[PDB]
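> Starting from the known structure of chain A, arrange chains B, C and D with the ligand on it as the hints suggest.
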Amino acid sequence: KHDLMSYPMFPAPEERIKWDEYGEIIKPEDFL
Amino acid sequence: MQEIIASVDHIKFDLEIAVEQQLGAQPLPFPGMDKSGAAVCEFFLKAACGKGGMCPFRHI
Amino acid sequence: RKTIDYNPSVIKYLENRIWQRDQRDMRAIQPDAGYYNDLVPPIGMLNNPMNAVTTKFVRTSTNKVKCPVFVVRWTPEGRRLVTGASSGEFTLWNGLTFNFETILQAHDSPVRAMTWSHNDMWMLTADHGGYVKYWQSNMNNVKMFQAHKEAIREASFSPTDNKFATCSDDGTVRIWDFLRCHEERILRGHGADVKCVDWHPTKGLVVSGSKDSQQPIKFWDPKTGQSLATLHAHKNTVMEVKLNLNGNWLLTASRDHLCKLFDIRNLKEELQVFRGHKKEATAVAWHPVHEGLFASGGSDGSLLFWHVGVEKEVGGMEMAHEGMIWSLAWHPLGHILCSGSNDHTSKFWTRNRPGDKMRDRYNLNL
Amino acid sequence: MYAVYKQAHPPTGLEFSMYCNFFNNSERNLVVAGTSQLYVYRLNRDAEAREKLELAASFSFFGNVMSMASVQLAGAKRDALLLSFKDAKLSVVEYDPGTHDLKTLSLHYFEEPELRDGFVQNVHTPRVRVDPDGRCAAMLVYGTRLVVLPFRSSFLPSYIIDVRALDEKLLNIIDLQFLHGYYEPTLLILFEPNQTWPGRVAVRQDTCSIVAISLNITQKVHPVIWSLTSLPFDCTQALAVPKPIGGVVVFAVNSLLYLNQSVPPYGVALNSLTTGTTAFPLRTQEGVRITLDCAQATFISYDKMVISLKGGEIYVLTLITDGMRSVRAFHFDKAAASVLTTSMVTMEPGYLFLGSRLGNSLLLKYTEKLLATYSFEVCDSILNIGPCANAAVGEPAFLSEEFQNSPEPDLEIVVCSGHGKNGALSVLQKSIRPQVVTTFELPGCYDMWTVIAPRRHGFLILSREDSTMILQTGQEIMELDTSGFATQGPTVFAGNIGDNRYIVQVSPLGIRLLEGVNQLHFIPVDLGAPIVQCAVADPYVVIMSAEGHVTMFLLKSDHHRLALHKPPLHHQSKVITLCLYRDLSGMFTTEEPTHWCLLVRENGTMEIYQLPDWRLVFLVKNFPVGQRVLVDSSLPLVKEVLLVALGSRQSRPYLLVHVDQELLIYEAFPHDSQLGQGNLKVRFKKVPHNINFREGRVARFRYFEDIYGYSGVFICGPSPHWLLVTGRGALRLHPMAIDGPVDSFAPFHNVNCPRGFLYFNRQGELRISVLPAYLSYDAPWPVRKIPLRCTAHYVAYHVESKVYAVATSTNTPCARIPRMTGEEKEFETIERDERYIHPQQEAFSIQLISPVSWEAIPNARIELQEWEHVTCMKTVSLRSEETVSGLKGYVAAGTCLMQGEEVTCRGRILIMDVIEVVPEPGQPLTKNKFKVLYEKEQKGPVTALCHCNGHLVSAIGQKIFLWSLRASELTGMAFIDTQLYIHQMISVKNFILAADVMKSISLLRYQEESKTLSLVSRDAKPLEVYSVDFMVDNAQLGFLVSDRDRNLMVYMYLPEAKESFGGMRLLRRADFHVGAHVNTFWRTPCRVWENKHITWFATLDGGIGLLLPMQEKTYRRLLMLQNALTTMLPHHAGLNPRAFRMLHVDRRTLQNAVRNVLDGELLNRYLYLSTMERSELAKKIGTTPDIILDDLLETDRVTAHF
Ligand SMILES: [Zn+2]
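Protein chains in written order, with UniProt numbering: chain A, 438 to 442, 460 to 486; chain B, 1 to 60; chain C, 54 to 419; chain D, 1 to 49, 63 to 165, 183 to 400, 458 to 541, 570 to 673, 679 to 711, 780 to 822, 843 to 903, 926 to 1317, 1329 to 1443.
Only chain A is shown next, with the shape it has when bound in the complex:
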């Protein structure tokens, strides 16, 4: 998780923002 150790490199986190004419494409499960 926190402690690391082909090569032990740090990750590159990226997140694509799916647009819409209302905003971001949202799912109805993460809001209850």
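Keep in mind that the hints were calculated from the coordinates and are not lab data.
What follows is a set of in silico ranges between Cβ atoms, one per label pair, in the way DEER data are often shown:
no. : chain 1 : residue 1 : chain 2 : residue 2 : range
1   : C       : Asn191    : D       : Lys1354   : 45 to 53 Å
2   : C       : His235    : D       : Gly1052   : 47 to 55 Å
3   : C       : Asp75     : D       : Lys1354   : 37 to 45 Å
Only pairs whose alpha carbons sit at most 30 Å apart, straight line, appear in this in silico BS3-like list of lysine-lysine:
no. : chain 1 : residue 1 : chain 2 : residue 2
4   : C       : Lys321    : C       : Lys331
5   : D       : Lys199    : C       : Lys295
6   : D       : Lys1420   : D       : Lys847
7   : C       : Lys264    : A       : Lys481
8   : C       : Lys264    : C       : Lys276
9   : C       : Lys276    : A       : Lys481
10  : D       : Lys250    : A       : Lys438
11  : C       : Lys196    : B       : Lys35
12  : C       : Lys202    : C       : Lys186
13  : A       : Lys481    : D       : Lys1288
14  : C       : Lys119    : C       : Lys55
15  : D       : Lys1055   : C       : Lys410
16  : D       : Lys1251   : A       : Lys472
17  : C       : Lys410    : C       : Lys331
18  : D       : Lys199    : C       : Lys410
19  : D       : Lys1421   : D       : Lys894
20  : B       : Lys12     : D       : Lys1219
21  : D       : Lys1288   : C       : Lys186
22  : C       : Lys55     : D       : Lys1169
23  : D       : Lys1219   : B       : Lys51
Each residue gets a CB set at the ideal place from its N, CA and C atoms; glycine is no exception.
Same frame as chain A, now just chains B, C and D with the ligand:
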């Protein structure tokens, strides 16, 4: 300085082409607008302007 | 003449920027009256957000008709403040020397909403009759229509120029199309009169307040119309609902003398509450360049300053803005604040100067 | 759309420093660091040109270092480093023997959304602190988390301590330090539970506090002991007092506290500004009126502390100690001032290093004067292109008359570096331009040599295809026709033997000895075939024929005489090339000078022999591949090999070889490998390049000693370069692109020519040349550092009269305060106590620097008003009806008065001309003088200035005006309403591109027929722009933007795209993250690249970068390589090159990152790989290495300006 070395007077940019024939300027909605502070269009002085009264650019 | 000119602070920040790299390298402003050129805007000191605690009086801006003001909003250039009162007028006050610029007459009803878009083009202003009027940046009147049969209380706007949502006293939150002026759908199932609506800055949510104690906070879905969540937060009459620009925190004032944070990623638990209003909390404004701090207006006239993570108030005082504070607005540079009373005045609040003794009537009062 | 970033100058400027056992536990090492680059130093005591810092290792990172500490782990032979990168990254690295790289031991990734606590915009940097006893190490993640690394694998699993879940509700950590003794690791923490602001002190007087948490490593429990709560409000860093006294000293801005567990709180005030702002009991320090707000300090021994204040002033604090080791009083003294530091480290006892970003980081030396008082002297300084504010491109004044008709423009850059007392100018210039003082026309001759005849060179020996020329040098050089030398045929080598007492030339038939003109004797040499090359040692001469036969000649004193000694060499394969070498600072110890021979065979094996015997000492089995580290074991074709020692007293050897039109050079480092008796204890490490060899033997690698003091190798060919190592020990490769390709080279010291050199042009022209003496070739670029002793803000080269206009500023004490009573200004004189420091008022002035001699022109200095600040200076090409063109080229200054926020800020436009007048006798520089044409107050602050087709464009307030210069006045023509604060503008062909501090860029457009200015497009998203450029392509025009989050981005105006409005929204098409801030921007055309321009920039951390536009097809062949170079290569400190060059938005909006810029410093590691490894990355992405090398090397050829 920046023009003796990097001269760009012989380059015809796509910025300069897209502002002459306006290259897809959308008609402005809500026809009670003003647009005092926009560009003057060369289409009204020379040729048929087309969307007269509902053009984004001013008319002299 | 009494101005708060932001220009000698931005010049100083542009000069520091070259040879600074952080705030830990910034030379300390010392508390004396001679260190007046060493100030930077709140962009300059990014941590230590105690900079932007505006408890210094600048000017009362009163009209000639003396009507209570309900919305106070800065132009997104920071150039001026358009102010909507109960007489349906827009009184425009200059943003450097706050003397007077011009007066309009927008509505025939008390103005209740005023929102600029994410670009500096359009301005939505609703009123007490149910009318929504579009506005150019030069205060040109554009197409009007009737969006509700009763008094619209708050308008928001999606993260684009395409959709917006209004709420009124008939209990409905109606989502609108901007260009077509078309009613998309109606968000029903609320219970009583909804009084505040804020769109989410990225995700396309609609959060609504209420007076109903059984459905006080509703999360919505603009595409499907589904009631997405229900947050039983307050005992009575949620006044304002605001969201940060980071997209994580819901801030909620109400008439139960409280203000509450809510991480919208985890609605089951709750973040800290903000106790310290002696009377009802009515107005809330997040700070533009400092996430974490906001300001809070009360129904007794209290103007308090808070921070996320700090339990007590950062500091403001009661009997500051006499009456009942309806709305607050920060300048784009968070160096000055304006508030609107239920009394017939509107006061300007700037950052404190180095080396002053705060014996003013809005202060220790010695 | 598509581009490539390339780094031209590394960042100069240090932030971090320490003194640790980097290489071994025997000696300590100065390990400094800065913006994403690590430097390791040694300290030479017997240096030729007194102490001097010698570079031992230099290391580059894909990430900016935010903190750095060191600890010696259990059982370790060295001292590991604890690097710290932005947003909670930790990396533990050691020096690696074997190779000469870093070795990552541990990697720690503490950036999760549950640790950010909902705050997206991170401000707090991670702060690594270690124990004095080495028991643990602590990183302050996000200002609210303590990562604890337990020590004894060499590591125990870490655990996160929530800071706000302790006692006292810490919540705003200022500084945190471990303390001495206290059996377990004890960690002191300064914090503020109820934070206030200096400026609001009447309701929150003094809120700082201390928690000394006691860490239990095993039990993972930690109680709060020894809390205080009444510290003053403006408390900056704390410092742990060492073990015989113990405790802590706490720097505040206006006071200094000593705090201890048992001692009552003691502290004194440093000035009378703690009168109404501090209720803590503070005494009055005697004879001291200073402040400690941005101050560095370190402990010399115990009880003595040296403090570097702001202003660079050095004090020495003495802790006056009682009998029970209790601090009773303080003692200050004013020692010698120095550079505005950012770091502070004691070396060997008697030395202080002073790292600095803004100013040259220098080493000191302290001795006691005859309580103790110290005196500081300067031993060494490290050169620093500082925080580059503005930087102008100009033409140098001393181009030689032979080089005048060159097609490419000959130009240099002048950079406003440094700040304050260390403010300066930096005349950077990438390539070496010689001063040809005497030319010749000698066709036919191709090789050349200069020998020393009775240290001036006596002869010039020119080899032709059929004969040999001789030139007697001296007062006037003249061709010699007498006997001695063989002129009937060519010569393959000609050099000195002994110690400059003889001359040895090598014909293809034999070898002659010479005492000058007089020939001693001659030794014919059949040796199978004709002699192709020879190498020389001090008594040794080694011959090589065309078929690999090797013989050796030796001086024996008889009068001297060469003696044949045939080498015993087992020829399993033919010898291709040879090299000789001697030791003068011997690392060739092989378990007084020592001679060595180097021998490359055709099977690919490289062999080193100890030269008096012929025993095999070193053996690389596969040499022409180009491996990173050369290890002993006992094709592409190797052309030429040269071993040369460079540096202080010939310390470090280098290996320069030539393998298939490719230069690959090696360092050398000692390595004790117990795997044999008779082997060298050295290994060789490949180091990177920017040089390609892409268009009877001619040597390219020609060693020179003492050309203008500098010793090194000149590398001839199609792209000639100067290899230089001074006493610094840093490798320097400087190009020489003027005069085209260079065929041969020789050093040449004479009477009419000083210490200098001599080379053939490709057109067959001999050139007596001297290096120009005004530059320093010890820096990565040849630079002249111009001390101004004042902060240089803006520089602008005026093309007419060929001068520079520099805006400067010095700090004067403030004395008045402007008020406002409605009608006029009133001033209140600051009348305070005598124990009172004054605020610093800045007064500006406009210099005028001459490029001939870089002093300021006397009696040419525009001085402004009292409170007036230049916000911009550019060279402005206004129009005029006088010259043959329209444009004139004035100098315009935008300036305005800062008098606080209660006074209305107004501005003034200052248009200046530089006109040549007659000079005053005795001063040649006074021919130039300012002529102020326009000087008028404006209706608000003038914050930016540009020119559009001869119209001055200005930004007053929230409007952007457009003026026209008449005979004496400006007339307004057009304006718009704009954003909050336009601080930058640029222009190309009636298109203004403005830049706001907070909102964004906004492009404008000006019709000239109708006098109207119009907003075409803008960006609506918020963005903190620093400055703007134009990305210029064949027909595309990008809008290059630099930002506060260290981001480069390219906007385009595309009305055909649907994701904008109709021509109303700027759409970004490239996103990139340079590691530094950028304020300056340049354009120049390149050397398929038909009509493109290179957008150069200089970073604010002291480097210079590039953005070269490319086609889409060339971008995507190399983007497949960049992803292969990211994953399939190990990186220093475990950093991810993809994660570092992605966009760093500290928010969340709808703008997904458009990555269209390559990482040309990651792509530069494809040049560094061996040709066996070079083909493996080509086969996995479906290509050959010839296609990639025709793309990576062509981005180096068109980008060889300056
Ligand atoms: Zn038209």
